[PDB]
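Q: Okay, here's what each chain looks like letter by letter:
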Amino acid sequence: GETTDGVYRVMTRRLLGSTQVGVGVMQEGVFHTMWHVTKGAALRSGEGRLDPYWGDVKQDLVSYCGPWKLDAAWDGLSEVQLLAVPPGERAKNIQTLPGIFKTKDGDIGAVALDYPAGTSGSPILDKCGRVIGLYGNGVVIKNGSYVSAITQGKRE
Amino acid sequence: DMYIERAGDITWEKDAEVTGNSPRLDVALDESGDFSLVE
Ligand SMILES: C[C@@H](CN)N1CCc2sccc2C1
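Protein sequences, first through last, are from chains B and A.
For what it's worth, the deposited numbering labels the leading residue of the first sequence as 16, then goes sequentially.
For what it's worth, the deposited numbering labels the leading residue of the second sequence as 50, then goes sequentially.
Next comes chain B alone, as it looks inside the complex:
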């Protein structure tokens, strides 16, 4: 199927009509998404099949056709862009200054933007257009608003 680098919707026909369950990134022949979008299932791209290659429930990430390729990191100072791909809507860039998730194992950047659950897997980018993580695993804070971690894998 289509192997061109870029952002893709992840769809299913198992529910009513065609439903967008998430989003992912094709880079260097590998498809990258969040684990909760596919649950590790195989994917179709035209007449082609993409098989899972690596995944981890705790990181909430999965790669297909090869190892995780995304290794850019948020610099901790600059604004980033969420390349949001919402269900039934055109891809749109949103610029924001990340906040921080402070954990017992270190700090992670976080983006306070609220999109439908089917937007999970949309990439967060730096000013060079490099993907610094994927949007869609986060928390609901005091005022009821959603904040997503900037989730990034490790390139072996």
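Bear in mind the hints are in silico, worked out from the structure with no lab data behind them.
Keep in mind that the hints are not guaranteed to be accurate.
Unchecked claim - Computed cross-link-like contacts, DSS-like style, restricted to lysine-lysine with a CA-CA straight-line distance of at most 30 angstroms: (1) A:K63 with B:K54; (2) A:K63 with B:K169; (3) B:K73 with B:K157; (4) B:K157 with B:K107; (5) B:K84 with A:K63; (6) B:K157 with B:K84; (7) B:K119 with B:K169; (8) B:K73 with A:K63; (9) B:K142 with B:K117; (10) B:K73 with B:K107; (11) B:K117 with B:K157; (12) B:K73 with B:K169.
Since the structure of chain B is provided, determine the placement of chain A with the ligand on it from the hints.
A: Chain A with the ligand in isolation, oriented as in the chain B frame:
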């Protein structure tokens, strides 16, 4: 049976809409990959 469909290039866009705050939160990450607020 899940399938993928291209939605665009990955590029920074000049003069994109700018929004969202920058909260600093204490969080915990469990073995199931769920984040929770620590208060
Ligand atoms: C309304 C909140 C509730 N936690 N959520 C659901 C899960 C996801 S993944 C991307 C956006 C959202 C929005």
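Q: Each hint should be assessed against the structure and marked as holding or not.
A: How the hints compare with the structure:
| no. | hint | result |
| --- | --- | --- |
| 1 | A:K63 with B:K54 | violated (35 angstroms) |
| 2 | A:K63 with B:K169 | holds (29 angstroms) |
| 3 | B:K73 with B:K157 | holds (24 angstroms) |
| 4 | B:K157 with B:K107 | holds (28 angstroms) |
| 5 | B:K84 with A:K63 | holds (26 angstroms) |
| 6 | B:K157 with B:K84 | violated (35 angstroms) |
| 7 | B:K119 with B:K169 | holds (19 angstroms) |
| 8 | B:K73 with A:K63 | violated (35 angstroms) |
| 9 | B:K142 with B:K117 | holds (24 angstroms) |
| 10 | B:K73 with B:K107 | holds (28 angstroms) |
| 11 | B:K117 with B:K157 | holds (16 angstroms) |
| 12 | B:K73 with B:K169 | holds (13 angstroms) |
Violation of the numbered hints given earlier is confined to hints 1, 6, 8; the remaining hints are satisfied by the structure.
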